[PDB]
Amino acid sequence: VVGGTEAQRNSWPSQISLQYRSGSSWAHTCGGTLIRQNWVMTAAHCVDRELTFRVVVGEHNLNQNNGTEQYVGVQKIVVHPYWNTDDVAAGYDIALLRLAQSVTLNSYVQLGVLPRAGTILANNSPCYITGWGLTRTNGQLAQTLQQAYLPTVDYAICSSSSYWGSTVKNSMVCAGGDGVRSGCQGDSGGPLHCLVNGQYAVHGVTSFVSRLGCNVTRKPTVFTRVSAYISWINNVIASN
């Protein structure tokens, strides 16, 4: 997350770290959101690689013991059937991971709340992106969980030529684009939390940013619109 601030350690209890085995150790690769005690929602492109994955919940500082982490293997990966790895702009960048064991809920570990199906945010709605992503374009991962304030940018605007043009679809949400704050590598798969009717819900799964750099003016970060996939998600969890 570029231009973020460190999160309080109990602000975003549905945030997870998806990590892969790198030698004798694990490295953070992307984010995701706990949606059942044994299911996580992330971006399809995060699990393109044939790696060994684990999920970490109750994480805050990636490089120190917090005393709150639970570590759980990934048992099954279900990617959206229409996902196409060499066409992120077509959409369907979403995947569900069934965990090996169900995690225990507490103040650091809670299920993310999903919007009702069809829900679209008005232009300029207050949202936060969270994650451990690069803190600068071509920079390094944050140590501690970051959050950044990113107002939504409605489809009519984000799909205009000076923004994203036709590359953005109705099945996506755009947020930010001020050139100071944005998503960045390592944030992918992570939540966009938006405050609606007093309650934060996860409206977005971080999907892409410009190749020109993470925080570029009029290129808001693009997220998969969770409220477009509610039935998909339910169908998958019901059938697995």
Given for the second form:
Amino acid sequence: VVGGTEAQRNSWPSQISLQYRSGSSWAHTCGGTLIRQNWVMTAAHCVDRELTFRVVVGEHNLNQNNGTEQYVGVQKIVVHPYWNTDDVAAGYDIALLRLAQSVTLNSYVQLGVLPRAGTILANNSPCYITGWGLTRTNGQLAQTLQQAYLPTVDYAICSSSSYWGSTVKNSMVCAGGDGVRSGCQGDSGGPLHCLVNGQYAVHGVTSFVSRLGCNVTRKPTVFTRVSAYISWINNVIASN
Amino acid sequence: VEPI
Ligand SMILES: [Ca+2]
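Having seen the form solved without its partner chain, the form solved in complex with its partner chain:
Shown next: the complete complex, the earlier chain at its head.
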């Protein structure tokens, strides 16, 4: 997250870190949202590689013991069947991970609230992206979880010529684009939390930014629109 | 488009 602030430890308890095994260690690669005690929602592109993945819940600082983390392997990966790695702009950038064990809920570990199917947010709706992604374009991952306030940019504006044009689809949510704040590599798969009727819900799964840079004016961060996939999500969890 |  570029132009973020450090999140308080208990603000976003559904945020997870998706990590891959690298030598004798683990490396953060993406975020995700815990949606059941044994299921995580993340981006399909995060799990394109044939890697060993683990999920960490109750994480705050990737480089220090927080005394709250739970570590669990990924037992099964279900990518949306229409996802195509060669075409992020087509959409369908979503995947569900079934965890090898069910994690224990507490003030640091909670399920993310998903919007009802079909919900669209009004333009300029208040949302926060969270994650450990790069803090600058071509920078480095954050140590501590960051949040940035990124109001939505509705489909009409986002798909206009000055913004993303036809690269953005109505199955996506755009947010930010101010040139200062944005998601960045390593935030992919994580949540966009939006305040609606007094309660934050996870409306987006971070998907992409401009090839030009993370914080680019009129290139808001783009997220898979969660509310476009509610049936798909329920279907997978029920059959797995 | 850049996957992040
Ligand atoms: Ca830690």
